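As you look at this complex, bear in mind that one protein chain is not there, while each of the others sits in place.
The letters A, B and C name the chains in turn, as written, and every chain counts its residues from 1.
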Amino acid sequence: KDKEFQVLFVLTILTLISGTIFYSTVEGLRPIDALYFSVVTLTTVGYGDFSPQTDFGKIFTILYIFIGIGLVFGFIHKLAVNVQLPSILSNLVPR
Amino acid sequence: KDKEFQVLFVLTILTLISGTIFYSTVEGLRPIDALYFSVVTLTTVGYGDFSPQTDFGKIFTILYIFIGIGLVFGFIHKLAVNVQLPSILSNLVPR
Amino acid sequence: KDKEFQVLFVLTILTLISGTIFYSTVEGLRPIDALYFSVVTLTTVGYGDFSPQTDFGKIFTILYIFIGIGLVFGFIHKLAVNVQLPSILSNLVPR
Partner (left out) sequence: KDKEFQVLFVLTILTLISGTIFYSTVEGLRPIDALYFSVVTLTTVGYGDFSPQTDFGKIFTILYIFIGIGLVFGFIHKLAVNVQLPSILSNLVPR
């Protein structure tokens, strides 16, 4: 399960790296803003402080969302049940 | 399952075509902006860069959301488990 | 199941009526804008075109979200599997 977590962890990093590079390059975001914009889109928070201004960006976002949401939510799920939950349980009993 | 994927794939295309046409016509969006606005609504990202200004648009969006979220999420789900996951598994072993 | 659908359908109407009345009264929205703002919040689209400006509104929204998301998503779910899906299946075969 650490190896189930690790495949979804890596893939998520590679996916945010993807949006980071595209949005930095094409839409002109500082690298730090691209990553934050990539994370705010794929988790569907969607603040709207950054948003794609070019047609090339609007199209990329359509696909990135569909391809990206499934992964991201899956990592989060793996993260919560397989890492957060056990550590919570372990805190309720002392060693 | 390719045929389960294909029914949710088609239906999703027909649903985004619906919002594209309505928002282009009534709310005056360029076709490309309507589709992007339709995709950003039904996945609940909700940037807010485009938003309906007319009462006819505000009402349409209420129903489109309820009718549309169930489908869109279902396609994404089908897409992730039945297409993304296997291709991931196949990459871990060489032919 | 029509009666499972009908309890979640009613409850959802009562919940949107709640936000409609509160946001119209306290935050000064036209009734039509309140309902649309209520629907855009509880499905977590969150355009941000309308947003609560008063402290009384910011607090109400905190609770309305927590109390409201569970219902709304549940109706949508019931709506998709128990109404949309069968009608889709029925279209694939002619009477």
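Here is the rule we use: a contact is a pair of C-beta atoms (placed from the backbone, for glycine too) under 8 Å apart; a residue touches a chain by one contact, two chains touch by 3 or more.
Colleague: Consider the whole complex, including the chain that is not shown, and state which of B:38, B:41 or B:44 touches that chain.
Modeller: B:44
Colleague: Would you mind spotting which of C:28, C:31 or C:70 touches the chain that isn't drawn?
Modeller: In the full complex, the listed residue that touches the missing chain is C:70.
Colleague: Hey, which chain C residues sit against the chain that's not shown?
Modeller: 7, 11, 41, 44-48, 51, 55, 58-59, 61-62, 65-67, 69-71, 74
Colleague: Can you list where chain B touches the absent chain?
Modeller: Residues 44-48 of chain B touch the chain absent from view.
Colleague: Which parts of chain A are in contact with the chain that was left out?
Modeller: These residues touch the chain not displayed: 32-33, 35-36, 39-40, 43-49, 75-77, 79-81, 84, 88.
Definition applied: only the chains that are shown with their structure count from here on.
Colleague: Which one of A-C or B-C makes the same contacts as A-B, at least in over half of the residue pairs?
Modeller: From the options A-C or B-C, the copy of A-B is B-C.
Colleague: Which integer distance in Å separates the CA centroid of chain B from that of chain C?
Modeller: 19
Colleague: Mind checking the centre-to-centre distance between chain A and chain C? Centres are C-alpha means, answer in whole Å.
Modeller: The answer is 27 Å.
Colleague: Pull out every residue in chain A that's touching 2 or more other chains.
Modeller: 44-48
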